[PDB]
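In the block that follows, a single chain appears as structure tokens, in the form deposited in one PDB entry.
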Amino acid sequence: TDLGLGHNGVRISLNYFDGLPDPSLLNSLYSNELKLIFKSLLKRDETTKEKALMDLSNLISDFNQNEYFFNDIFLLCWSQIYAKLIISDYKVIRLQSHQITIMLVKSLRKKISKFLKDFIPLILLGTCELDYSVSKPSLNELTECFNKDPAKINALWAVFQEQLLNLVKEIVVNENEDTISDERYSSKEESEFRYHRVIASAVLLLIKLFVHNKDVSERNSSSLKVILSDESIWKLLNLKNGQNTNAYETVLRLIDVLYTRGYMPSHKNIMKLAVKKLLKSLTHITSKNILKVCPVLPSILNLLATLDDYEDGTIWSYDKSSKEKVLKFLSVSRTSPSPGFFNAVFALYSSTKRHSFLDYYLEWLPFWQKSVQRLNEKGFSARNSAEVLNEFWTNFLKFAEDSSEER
């Protein structure tokens, strides 16, 4: 049987309809107080959950009196609902749930070693939550749980890399908008936003896994292929609305790491999947939303310059109208340039000229011309006027020195 995130006989999942504590297992709990606490956590009413978690948290803080209660039956049950609690919209529920688990690890050391495979990956997922109101306190209490040693934390990323990837796979491949949220009690927007948060956390977790493990690609090739071949991660490459750009930038970073490590060159199918979605997202940038998106444009351009190095600009062939997309993307983005922008544009020019992607005089030159025109009319009133203006001229002069052979 597929136990999902579970490694001790019971199924642990993030969805709402399975991986639930068996009614018999619950009745076998030590104290009648626990039975009610758990029955309270299996409901939907989130008000009574905050108290139930508070009560449970109190029983664990007073570990002296209460200890025989926190046995294997408790850990099996808790490990199942813990997974479902950390996807709640109420950040208090997610935070308290993490603290409880962290407290259990810190208190039942050795006695809980068997369950660490189930708890650590979810704790770390909490530290990867883009909301710092949850990810910072979680990481703090976690770091404190291990003698305040950040090296002991970095070890966790290596020890549990298999279970960490399995968690990613569960979020990305197996669950979706309609399994993380019950359509009967949740609107479409609610479901989307909820799933977005969870998968966004998974992408960051996935990135941290490459940071801490130099051989992750080779040691987990089959697991990574399943994760990255799915469409779900790459669907995050969306700048339309309503989400901010945090998740978007995180995927950019993932693509970069994957390319740098030489993973994507090894998996053309996955690279085609990511790039197609990346190129399509360029069309999401308009005058309507340029002011919300402009701080991530240097990242886009730099990534495209990097990818252009693959097989002499082969990535551009993944989209029949990639040239047109880039042109329209450049014309929009020059209206609201930010620091690093012109450095990135030149990076793209310097790389793509090797196969004459865009015309020097009919396409590149007017871009630079209209750019300085924009900078002169508005600035230098705006902030970072001097920095950006100087950045433009430094890069244009380098661009202009190629006008030699292009004549």
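What we label the rigid core is the largest C-alpha set whose atoms superpose within 1.5 Å from one form to the other. Positions refer to the first chain, counted from 1. What changes on going to the form deposited in another entry:
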Given for the second form:
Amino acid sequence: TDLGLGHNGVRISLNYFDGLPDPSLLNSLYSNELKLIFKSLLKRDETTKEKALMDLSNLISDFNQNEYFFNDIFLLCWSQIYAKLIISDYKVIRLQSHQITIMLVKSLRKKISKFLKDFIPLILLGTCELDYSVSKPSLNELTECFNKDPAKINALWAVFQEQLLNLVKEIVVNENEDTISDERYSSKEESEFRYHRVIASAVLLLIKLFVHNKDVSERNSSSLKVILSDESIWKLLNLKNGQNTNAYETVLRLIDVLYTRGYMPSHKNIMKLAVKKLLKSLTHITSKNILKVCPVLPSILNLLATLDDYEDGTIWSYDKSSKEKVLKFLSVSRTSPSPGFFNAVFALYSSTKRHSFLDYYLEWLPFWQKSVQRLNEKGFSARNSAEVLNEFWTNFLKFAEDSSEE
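Coords for the form deposited in another entry, given the form deposited in one PDB entry:
Here we give the lone chain, stripped of any partners or molecules.
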């Protein structure tokens, strides 16, 4: 039978309706004290649940006295609920759950070896949470767990490659908003937010997987394909009035890593899927939300410049009206500039001129002209006006040296 994320005979999953501890298994736990704890963890009341974890976290602190409590039965059961606690909408629950597991790995080093394939992927997923207040404490705990040995952590991304990729597949492909959140106790909005947060983590975890591994594309190609072919990751490229741009930026990073590692030239279909969704995205950037999108504008421009290098700007052909789409994006983006912005524009210019994407005098020059005009009116009110202005003139002066050629 398919055990999902499990490797010790029981099913581990992120959804709410399977992968739960067997009542007869729970009743085999060493102590009645553990049974009450697990009984409260399986309840919804956040208060009693938060208290259950606290009790559990303390039992593990005084591990020497309660070593027999944390036997194979305990680990089996825990491995199943842990996967569910780390998607709790209360970060308190998520923090403690990650802490407990990391503690067990430390207090049980060689006696927990069977379960590393079931714990390490979820531990690392915790370190990949966009919320720094969750990911950083998890990383400090994990780091300490291996005595601050850097190579000992880097080894994890290699050793547990397959399981990590399986966890991503689980999140992106096998699960969705409605299986991750129970509609009985969650509104559509909370479910959207819950999935958003989890899949965002999975993208960052996927990024780190590419960074730490050169031969990631070769070993698990088939699985990488079903992950990157799904519509779930690329859905994070949708701006929303309530959401911030952290997930958006994460996807931009993914596209960048996939291209630099040469995965994109090897999979033209995933290329066209990412570029198309990225171009659709630009059209949703308007004056209404420009202040919100402001901090990613340089990243967008920098990404488009990198992708333009691919076979003399072939990506633009994936949509005949892309030249027009870039035009409306540049015209809007210059109404909310920031450090790095004009640097990235020049990057875009420098690359795209190699096939004369946009007219030098009719489209490029008016852009630079209207930019400085706004800068002079707004500034020098706030920062980083000074930096931004200097950056503009530096890039514009380089742009201006090609005027002779036309």
